[PDB]
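A protein chain is absent from this complex, but the other protein chains hold their places.
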Amino acid sequence: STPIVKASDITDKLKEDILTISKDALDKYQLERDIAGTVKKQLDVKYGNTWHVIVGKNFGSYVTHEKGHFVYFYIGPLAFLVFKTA
Amino acid sequence: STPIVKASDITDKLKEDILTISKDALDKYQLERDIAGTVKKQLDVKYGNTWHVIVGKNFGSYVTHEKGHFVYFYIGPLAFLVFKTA
Amino acid sequence: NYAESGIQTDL
Partner (left out) sequence: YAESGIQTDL
């Protein structure tokens, strides 16, 4: 249940907040899409657009992100890819 | 097998090329990250930045895309999410 | 112009 960061380009503060918002999301939604949605929407509001979120157990991805705005982590069996573009 | 498009906001021409590139990727690569990376990079080159690609069997996603530049499709058991941002 | 998309894989 303790989040495990697998890769990142991010400040500790923003990272902690993303992890916090993500754990909270898990208490509230059963579908991966909806978990991703609430995290994405919250970050857009709190930090400005444009965020993108993928939540799942099986995927590969190649994306482009604004410097300092990328984190990839697990909570339990669930992987989270969270990043920002313009 | 034959790609199955499950969501789209994209022109036929661009769609067909994404599908073709994705099918070609599957003849060469099995790892989801490899498949995603080659599609993403080819689209960046051919259609301009910035593209993002997710390939997998289990994920939920919530993203923002330029209008006319979004397609989500399966080829066999693999789901492809392909989209462009600023 | 830009738009939001939410998707959930079949499995």
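In this document, chain identifiers A, B and C correspond to the written order of the chains, with residue numbering beginning at 1 in each.
The definition used in the following text is that contacts are C-beta pairs under 8 Å (C-beta built on N, C-alpha and C of every residue); 3 or more make two chains touch, one makes a residue touch a chain.
> Under the definition given at the start, what are the shown partners of the omitted chain?
Displayed chains contacted by the hidden chain, ordered by label: A, B.
> Would you indicate which residue among A:3, A:37 or A:56 is in contact with the undisplayed chain?
From the options A:3, A:37 or A:56, the contact with the absent chain belongs to A:56.
> Of A:13, A:28 or A:67, which sits in contact with the chain we cannot see?
Touching the chain that is not displayed is residue A:67.
> In the whole complex, what residues of subunit B lie against the chain that is missing from view?
Here the touching residues of subunit B are 31-33, 36-37, 49-50, 56.
> Spell out the interface residues on subunit A facing the chain that's missing from view.
6-7, 9, 56-67, 70, 72, 74, 77, 79, 81, 83, 85
Here is the rule we use: only the chains that are shown with their structure count from here on.
> For the pairs A-C and B-C, output the one whose chains share more C-beta pairs in contact.
B-C
> Which integer distance in Å separates the CA centroid of subunit A from that of subunit B?
21
> Roughly how far is subunit A from subunit C, going centre to centre by Cα mean, in whole Å?
Centre separation, subunit A to subunit C: 16 Å.
> In whole angstrom, what separates the CA-based centres of subunit B and subunit C?
So the centroids are 13 Å from each other.
> Using the touch definition from the top, which residues of subunit A touch two or more other chains?
Residues 31-34, 36-37, 50, 56.
> Residues touching two or more other chains, restricted to subunit C: which are they?
Touching at least two other chains: 2, 6-9.
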